[PDB]
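With the hints as constraints, model all of the structure from the sequences given.
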Amino acid sequence: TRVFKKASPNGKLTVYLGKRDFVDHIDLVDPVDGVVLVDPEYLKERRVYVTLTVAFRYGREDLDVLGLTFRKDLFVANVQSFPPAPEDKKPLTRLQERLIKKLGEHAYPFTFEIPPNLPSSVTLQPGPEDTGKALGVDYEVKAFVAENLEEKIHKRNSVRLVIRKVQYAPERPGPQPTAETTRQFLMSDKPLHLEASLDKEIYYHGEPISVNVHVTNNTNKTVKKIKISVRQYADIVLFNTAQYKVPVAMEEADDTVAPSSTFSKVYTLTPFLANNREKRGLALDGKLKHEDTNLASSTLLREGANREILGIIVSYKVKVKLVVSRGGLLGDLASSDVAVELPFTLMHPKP
Amino acid sequence: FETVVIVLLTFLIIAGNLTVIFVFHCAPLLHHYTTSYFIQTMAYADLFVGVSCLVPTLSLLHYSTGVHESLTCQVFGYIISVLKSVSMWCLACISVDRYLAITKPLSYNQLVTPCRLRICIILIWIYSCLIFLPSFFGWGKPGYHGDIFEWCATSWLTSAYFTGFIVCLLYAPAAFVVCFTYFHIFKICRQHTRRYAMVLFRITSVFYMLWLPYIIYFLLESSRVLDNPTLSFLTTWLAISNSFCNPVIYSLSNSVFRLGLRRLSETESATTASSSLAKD
Amino acid sequence: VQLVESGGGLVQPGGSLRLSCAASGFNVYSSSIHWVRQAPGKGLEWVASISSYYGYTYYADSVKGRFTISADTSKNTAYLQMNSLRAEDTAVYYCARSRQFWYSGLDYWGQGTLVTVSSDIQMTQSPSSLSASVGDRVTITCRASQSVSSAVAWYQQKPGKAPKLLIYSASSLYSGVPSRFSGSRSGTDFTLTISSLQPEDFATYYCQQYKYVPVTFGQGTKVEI
Numbered sequence: 006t007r008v009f010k011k012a013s014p015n016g017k018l019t020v021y022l023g024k025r026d027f028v029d030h031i032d033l034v035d036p037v038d039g040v041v042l043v044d045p046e047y048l049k050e051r052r053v054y055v056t057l058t059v060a061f062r063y064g065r066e067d068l069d070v071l072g073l074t075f076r077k078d079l080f081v082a083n084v085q086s087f088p089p090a091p092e093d094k095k096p097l098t099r100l101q102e103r104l105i106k107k108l109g110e111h112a113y114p115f116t117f118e119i120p121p122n123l124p125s126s127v128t129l130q131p132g133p134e135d136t137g138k139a140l141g142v143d144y145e146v147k148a149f150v151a152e153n154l155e156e157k158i159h160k161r162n163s164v165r166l167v168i169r170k171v172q173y174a175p176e177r178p179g180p181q182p183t184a185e186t187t188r189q190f191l192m193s194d195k196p197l198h199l200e201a202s203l204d205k206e207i208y209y210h211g212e213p214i215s216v217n218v219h220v221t222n223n224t225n226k227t228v229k230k231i232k233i234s235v236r237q238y239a240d241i242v243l244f245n246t247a248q249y250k251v252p253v254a255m256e257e258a259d260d261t262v263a264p265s266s267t268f269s270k271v272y273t274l275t276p277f278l279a280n281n282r283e284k285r286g287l288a289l290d291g292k293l294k295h296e297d298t299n300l301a302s303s304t305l306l307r308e309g310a311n312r313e314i315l316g317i318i319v320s321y322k323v324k325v326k327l328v329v330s331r332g333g334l335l336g337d338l339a340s341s342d343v344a345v346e347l348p349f350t351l352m353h354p355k356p
Numbered sequence: 042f043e044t045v046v047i048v049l050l051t052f053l054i055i056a057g058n059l060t061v062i063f064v065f066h067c068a069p070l071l072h073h074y075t076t077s078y079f080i081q082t083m084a085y086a087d088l089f090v091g092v093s094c095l096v097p098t099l100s101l102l103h104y105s106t107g108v109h110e111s112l113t114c115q116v117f118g119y120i121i122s123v124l125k126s127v128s129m130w131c132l133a134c135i136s137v138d139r140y141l142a143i144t145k146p147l148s149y150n151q152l153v154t155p156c157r158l159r160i161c162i163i164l165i166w167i168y169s170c171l172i173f174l175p176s177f178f179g180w181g182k183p184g185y186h187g188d189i190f191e192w193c194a195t196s197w198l199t200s201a202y203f204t205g206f207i208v209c210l211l212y213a214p215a216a217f218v219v220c221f222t223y224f225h226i227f228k229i230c231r232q233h234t261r262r263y264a265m266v267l268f269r270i271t272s273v274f275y276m277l278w279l280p281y282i283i284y285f286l287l288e289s290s291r292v293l294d295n296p297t298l299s300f301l302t303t304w305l306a307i308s309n310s311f312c313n314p315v316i317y318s319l320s321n322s323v324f325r326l327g328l329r330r331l332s333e334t487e488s489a490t491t492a493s494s495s496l497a498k499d
Numbered sequence: 005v006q007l008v009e010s011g012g013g014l015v016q017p018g019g020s021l022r023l024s025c026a027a028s029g030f031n032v033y034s035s036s037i038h039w040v041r042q043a044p045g046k047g048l049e050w051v052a053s054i055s056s057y058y059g060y061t062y063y064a065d066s067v068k069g070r071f072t073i074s075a076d077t078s079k080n081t082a083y084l085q086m087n088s089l090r091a092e093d094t095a096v097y098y099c100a101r102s103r104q105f106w107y108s109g110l111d112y113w114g115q116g117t118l119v120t121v122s139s140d141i142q143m144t145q146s147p148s149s150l151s152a153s154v155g156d157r158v159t160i161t162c163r164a165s166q167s168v169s170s171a172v173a174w175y176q177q178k179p180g181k182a183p184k185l186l187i188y189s190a191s192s193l194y195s196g197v198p199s200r201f202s203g204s205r206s207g208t209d210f211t212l213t214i215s216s217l218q219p220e221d222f223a224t225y226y227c228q229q230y231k232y233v234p235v236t237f238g239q240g241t242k243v244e245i
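Chains as they are written, first to last, in the deposited numbering: chain C, 6 to 356; chain A, 42 to 234, 261 to 334, 487 to 499; chain H, 5 to 122, 139 to 245.
Simulated from the structure, these hints should not be mistaken for lab results.
A hint or two may mislead.
[Said to hold, decoys possible] For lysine-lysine, the following DSS-like pairs were computed, each having C-alpha atoms within a straight-line distance of at most 27 Å: (1) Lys-106(C) - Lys-10(C); (2) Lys-24(C) - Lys-231(H); (3) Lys-232(C) - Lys-270(C); (4) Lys-232(C) - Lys-95(C); (5) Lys-17(C) - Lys-95(C); (6) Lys-79(H) - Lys-498(A); (7) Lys-355(C) - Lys-231(H); (8) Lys-230(C) - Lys-355(C); (9) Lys-106(C) - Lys-228(A); (10) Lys-228(A) - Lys-107(C); (11) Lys-79(H) - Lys-324(C); (12) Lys-107(C) - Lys-157(C); (13) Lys-79(H) - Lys-232(C); (14) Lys-145(A) - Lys-250(C); (15) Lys-232(C) - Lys-77(C); (16) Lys-232(C) - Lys-498(A); (17) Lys-231(H) - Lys-294(C).
This is the structure we're talking about:
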């Protein structure tokens with residue numbers, strides 16, 4: 006059908022890729038494959054190498070330094086293409102077979118193998134002031150010709166191509182997310198229950214989140230407001246565990262409940278990026294060069310493996326809060342509140 | 042000739058403070074945020090130490106006013122003691138926040154929030170200012186920080202009913218918090234069946276090891292057993308040198324600064492087109 | 005699962021018109037709303053489109069900034085407010101829906117509001149007309165001035181009814197359409213084939229590109245007997 010080409014400024018080597026994106030399931034990730042066609046007249050001794058780098062930009066879009074370069078690599082895999090690695094056999098797929106059948110015998114293939122527990126391609130929001138490369142983990146495939154592995158990769162005689170790895174939501178939804186906590190004050194031992202539940206476990210990008218809530222205000226107190234917020238917890242794990250708590254969407258419910266009363270109605274939420282542009286630190290799922298994309302789809306993780314070896318993990322948990330008042334003999338409108346969380350998964354379908 | 046040593050200390054402290062704050066600002070990773078706000082405010086207070094110790098010393102060395110400039114010495118000593126106090130108490134609060142990490146990680150995110158830590162930072166700054174205000178009220182010398190000027194060296198002296206009070210409200214409780222936290226953390230550091264541990268232990272050591280001479284001199288001199296101005300100068304500036312050390316050791320211990328600067332010390488794209496692949 | 009469209013009618017020259025278009029059962033933050041004009045006995049013409057997810061407002065070259073917009077997501081309604089209609093505005097306007105994520109052609113179309121008043141990629145279609153009986157092999161080719169990446173969906177419009185797509189991205193046929201329909205990609209020239217020309221299949225076909233904003237329809241090919 007159609008295969009992508011980058012056609013390096015040297016005009017000699019061109020990288021051919023099957024799919025720009027790459028689906029990564031719960032356990033197995035679709036391998037990448039392609040070929041490169043380089044004019045063999047020039048390549049007398051110089052060897053052509055291709056590579057894939059899982060970059061990690063964190064130092065904004067500031068100017069480059071003498072040796073800082075404000076970058077970090079998570080996984081880098083290089084292979085030799087000219088010659089086509091006679092030492093290691095290449096199990097070329099049908100796409101590779103058709104692709105070098107279309108081209109000549111001088112075209113050379115390449116292949117990598119993504120390991121499972123890696124972050125999906127998510128780029129942090131650059132914001133207004135930043136001008137240049139965006140933050141966040143990013144996949145890049147570049148092809149250059151160099152007889153030495155440590156030799157300089159001259160951009161005038163090299164090429165690069167951008168890859169994103171994406172996850173697709175499971176066909177079978179998980180259990181219904183329900184969580185009801187309770188707590189009382191020192192005035193009396195009559196705690197109140199916050200029955201909070203959702204509709205499903207997997208939601209689609211733009212699908213209306215429908216939070217089901219039910220209050221039981223047995224305590225002799227009032228509820229001024231109910232804080233409903235769907236937040237995005239981005240566990241940025243590179244040298245630390247700086248879990249962010251940016252609220253993607255939130256709403257306020259002014260449904261006061263009398264003491265010794267119960268009340269319940271379903272609220273609707275929709276996470277979207279139209280009004281959250283200016284909020285820096287938001288996680289955006291994938292960027293090719295600068296094209297707009299959605300919020301970060303929640304990353305699927307498999308239990309039993311280490312969760313502390315991953316670059317950026319985005320997980321969504323809608324948080325329900327209710328705020329009360331401590332008025333009485335000695336008190337004012339200011340008081341405390343109790344929070345119970347509700348995890349949910351927000352990702353794309355699997356077409 | 043010791044003023045050369047003190048201006049070298051000021052230069053080291055100021056360079057370290059801008060180094061750490063620029064490392065944090067140029068790469069806003071917010072490293073494990075809870076103990077990142079504390080490190081940022083420690084760096085800010087240490088920068089203020091550098092500024093408010095370079096300004097009066099340079100003012101004294103470059104020119105002589107010739108009048109009883111007690112006000113500048115008093116304000117310098119008060120503000121530098123407040124900044125030293127907030128540094129030590131913020132290290133102790135780092136430790137007490139870490140005691141909420143090993144024990145109850147589930148309730149860590151349910152009790153520790155950015156607003157709560159902002160409130161805690163306001164509280165610690167207010168507490169340091171409040172504890173050191175009676176020093177400028179007239180109860181006695183806050184310390185030998187302002188021992189360079191003769192007016193604060195011989196005319197106005199310390200009080201016996203002040204050193205113990207300052208220790209009992211700041212220094213002893215800070216030691217108590219450190220002893221409570223770090224001993225238990227080292228007791229349960231390993232599983233009965261992480262990367263921040265060595266760096267924070269190093270920070271606390273290179274704080275308190277040089278801080279101890281200052282407090283033993285503060286307690287001893289108030290007892291009028293041994294009081295020589297040269298040794299007081301030596302111990303107070305050895306205590307101040309923790310300001311020059313802490314950003315330096317933090318940069319040498321944090322991975323972003325150490326690995327980021329290691330490489331610095333060592334040291487027309489075409490469009491993405493396509494084609495056509497015929498099927499079987 | 006359908007969409008409604010209203011607000012059109014007789015409007016004097018230079019007037020205004022707030023055309024209302026609403027979708028039932030579609031979240032606005034997962035479906036974009038698009039508007040395509042059509043003159044009397046001519047080709048289609050895209051005038052504007054709105055995606056609520058990014059808050060972006062794309063305009064056509066002819067009515068760039070001269071056509072007001074107003075939409076809300078609570079009522080799942082997008083209103084088309086007109087301003088200073090010219091002589092070229094005497095055209096029936098069709099509100100349409102395409103998947104706001106991973107665009108695959110304007111899938112669900114409205115009934116079309118008929119009003120009357122009183139570089140740019142130019143894809144070309146060939147043949148401009150055809151006449152065939154049942155079972156005759158018919159191939160219709162659309163040629164694009166500048167090459168695209170197979171980002172073309174093919175549509176079947178009968179006389180009067182709302183045009184509907186059959187195959188998107190020129191490769192994959194939509195559900196609900198018989199397998200006898202197909203398409204092909206050949207460089208910058210785009211062709212689709214039909215095996216048997218059933219009486220329902222005897223309808224005018226339209227091609228359009230959506231790789232480069234603004235989108236632009238073909239020339240319009242009429243199928244006769």
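Verification of the supplied hints:
1. About 16 Å separates the Cα atoms of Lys-106(C) and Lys-10(C), which keeps this hinted pair within 27 Å; it holds.
2. Taking the CA atoms of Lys-24(C) and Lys-231(H), the gap is near 17 Å; set against the 27 Å cutoff, the hint holds.
3. For the given pair, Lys-232(C) sits about 14 Å from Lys-270(C) by alpha-carbon distance, which is consistent with the 27 Å threshold.
4. For the hint pairing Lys-232(C) with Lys-95(C), the CA-to-CA distance comes to about 56 Å; that exceeds 27 Å, so the pair is violated.
5. Pair hint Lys-17(C) plus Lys-95(C) holds up; C-alpha atoms about 23 Å apart against a cutoff of 27 Å.
6. For the suggested pair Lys-79(H) and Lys-498(A), the alpha carbons sit about 47 Å apart, so the restraint of at most 27 Å is broken.
7. This hinted pair checks out: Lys-355(C) and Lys-231(H) have alpha carbons roughly 22 Å apart, not beyond 27 Å.
8. With a CA separation close to 39 Å, the supplied pair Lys-230(C) and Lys-355(C) exceeds the 27 Å bound.
9. Proposed proximity of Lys-106(C) and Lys-228(A) is contradicted: the alpha carbons are some 66 Å apart, above 27 Å.
10. Among the hinted pairs, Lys-228(A) with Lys-107(C) is inconsistent with the structure: their alpha-carbon atoms are about 67 Å apart, more than 27 Å.
11. For the proposed pair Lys-79(H) and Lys-324(C), the alpha carbon gap of about 25 Å is at most 27 Å, so the pair holds.
12. The suggested pairing of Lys-107(C) with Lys-157(C) is violated, with an alpha-carbon distance near 32 Å, which exceeds 27 Å.
13. Only pairs whose Cα atoms come within 27 Å are accepted, and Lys-79(H) paired with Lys-232(C) is accepted, the gap being roughly 23 Å.
14. A threshold of 27 Å between alpha carbons decides the hint, and for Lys-145(A) with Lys-250(C) the separation of about 19 Å falls inside it, so the pair holds.
15. A C-alpha spacing of about 38 Å is found between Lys-232(C) and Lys-77(C), which places the hinted pair above 27 Å, so the restraint is violated.
16. For the hint pairing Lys-232(C) with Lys-498(A), the CA-to-CA distance comes to about 56 Å; that exceeds 27 Å, so the pair is violated.
17. The hinted pair formed by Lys-231(H) and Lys-294(C) meets the criterion: a straight-line CA distance of about 16 Å does not exceed 27 Å.
In this structure, the earlier hints numbered 4, 6, 8, 9, 10, 12, 15 and 16 are contradicted, and the remaining ones agree with it.
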